[PDB]
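Chemist: Here is what each chain is made of, one letter per residue.
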Amino acid sequence: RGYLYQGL
Amino acid sequence: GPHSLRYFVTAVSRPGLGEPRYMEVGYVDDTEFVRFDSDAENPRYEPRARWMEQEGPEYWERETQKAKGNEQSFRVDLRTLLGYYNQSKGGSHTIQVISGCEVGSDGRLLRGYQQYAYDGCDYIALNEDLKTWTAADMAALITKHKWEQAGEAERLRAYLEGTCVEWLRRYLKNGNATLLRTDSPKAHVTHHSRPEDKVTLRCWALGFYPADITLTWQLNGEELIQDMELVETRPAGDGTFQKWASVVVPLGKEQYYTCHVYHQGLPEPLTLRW
Amino acid sequence: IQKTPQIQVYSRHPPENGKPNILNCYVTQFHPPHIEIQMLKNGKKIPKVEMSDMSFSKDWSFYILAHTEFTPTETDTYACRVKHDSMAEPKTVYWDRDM
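Protein chains in written order, with our numbering: chain L, 1 to 8; chain Y, 1001 to 1274; chain S, 2001 to 2099.
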């Protein structure tokens, strides 16, 4: 299960 | 032994050719098990390992939706970095991320991680404490403070010790027949003549799994790792790996050299000589 | 930064005429990511080609595998032709069954 990345 | 769940994500812009290409590749050790490619005819998360057929349709629906959110998110990321670095809108740039967790044989979390890279260089990364970040430059410093104010470390930490470890166990359970197996390497040595009464000896190791393996040439009981030539262990296209190590010796004295192979599938290390 | 790819061509098992096998072209340690990999058989592009095992090292360089099923013959030749921004000119690596 992958992660929901945050904006840089 | 220990096991790991890793995700390799890459976002690369191509000004003048549309949106950036977005990719996601997951591994449950050294075996690819899932992937997402924005360039596919119909971009969606799909299985890459046979045991992944054990996951319901909802799994693929959720992972696809998330991947798509990630894509948009990274598209914006590339724009943002252009500003951080004051770069032109006409050049192609790359963002790389690697996140995952490792667990011991008992299934307990051993380590979590997440590191970003921009144009091939370190950008920002989560420290081992899973509580703070480390920025490689002042651009990554802007992101650090952004994530700090948004409590992103807490979110990430919850995922790493939470969702990441738990789904890793489940994957190892469902694909145990594949992930928990051991394929013993099959070796052999080749002989090649050289212009100088010199002979090249190459030790080949094939059909093994996992990928971890040690190949070392001997002479008089002393390892010649210093004069050894090799290639990084590589996938053979069927889920197994192969590797080779060579040594240049004087013609006529190839019998004094031996190749030693160590691997979980070898109760006792292999010993070969031409 | 720019890194020229390391193209390696090899088969699953030792080559045996008439015996099914798998041919691999592992392109590694390159940057940027944009690359073009073509598996060729007798100078002709192979259609059945699966791309897999994509990843990057700690160095951040890219690694990808191209593989296809094939049954070696004595007169059949295979090669991998790669196109990367660090080359200018396509590089065609030949499969050496005697390596």
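Since the hints were derived computationally from the structure, they do not count as laboratory data. Some hints here could point you the wrong way.
Derived Cβ-Cβ restraints for the label pairs, each shown as a range [unchecked claim]:
(1) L4/L with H1188/Y: 28 to 38 Å
(2) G7/L with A2088/S: 21 to 31 Å
(3) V1076/Y with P2047/S: 14 to 24 Å
(4) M2099/S with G1151/Y: 50 to 60 Å
(5) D1039/Y with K2019/S: 26 to 36 Å
Chain S side only, calculated, beta carbon under 7 Å to chain Y, not exhaustive [stated by the list, open to error]:
(6) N2024
(7) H2031
(8) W2060
(9) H2067
(10) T2071
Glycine included, each C-beta is placed from N, C-alpha and C at the ideal position.
Chemist: Against each hint, give a clear statement of whether it holds in the structure.
Modeler: Hint-by-hint comparison with the structure:
1. In this structure, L4/L and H1188/Y break the distance hint of 28 to 38 Å, their C-beta atoms being roughly 48 Å apart.
2. Checking the proposed 21 to 31 Å range against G7/L and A2088/S shows it is violated: the Cβ atoms sit about 37 Å from each other.
3. The supplied range of 14 to 24 Å is broken by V1076/Y and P2047/S, whose beta-carbon atoms lie about 37 Å from each other.
4. Roughly 54 Å separates the CB atoms of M2099/S and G1151/Y, a value that falls within the hinted 50 to 60 Å.
5. At roughly 35 Å, the beta carbons of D1039/Y and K2019/S sit within the given window of 26 to 36 Å.
6. At its closest, the beta carbon of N2024/S sits 5 Å from a beta carbon of chain Y; the interface hint therefore holds under the 7 Å criterion.
7. About 5 Å separates the beta-carbon of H2031/S from the nearest beta-carbon of chain Y, less than 7 Å, and the hint is met.
8. With its C-beta approaching chain Y no nearer than about 5 Å, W2060/S sits inside the 7 Å limit, and its interface hint holds.
9. Taking 7 Å as the C-beta cut-off, the interface hint given for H2067/S holds, the closest approach to chain Y being about 4 Å.
10. Hint status for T2071/S: violated, given a least beta-carbon distance of 15 Å to chain Y, over 7 Å.
Of the numbered hints given earlier, the model fails hints 1, 2, 3, 10; all others are met.
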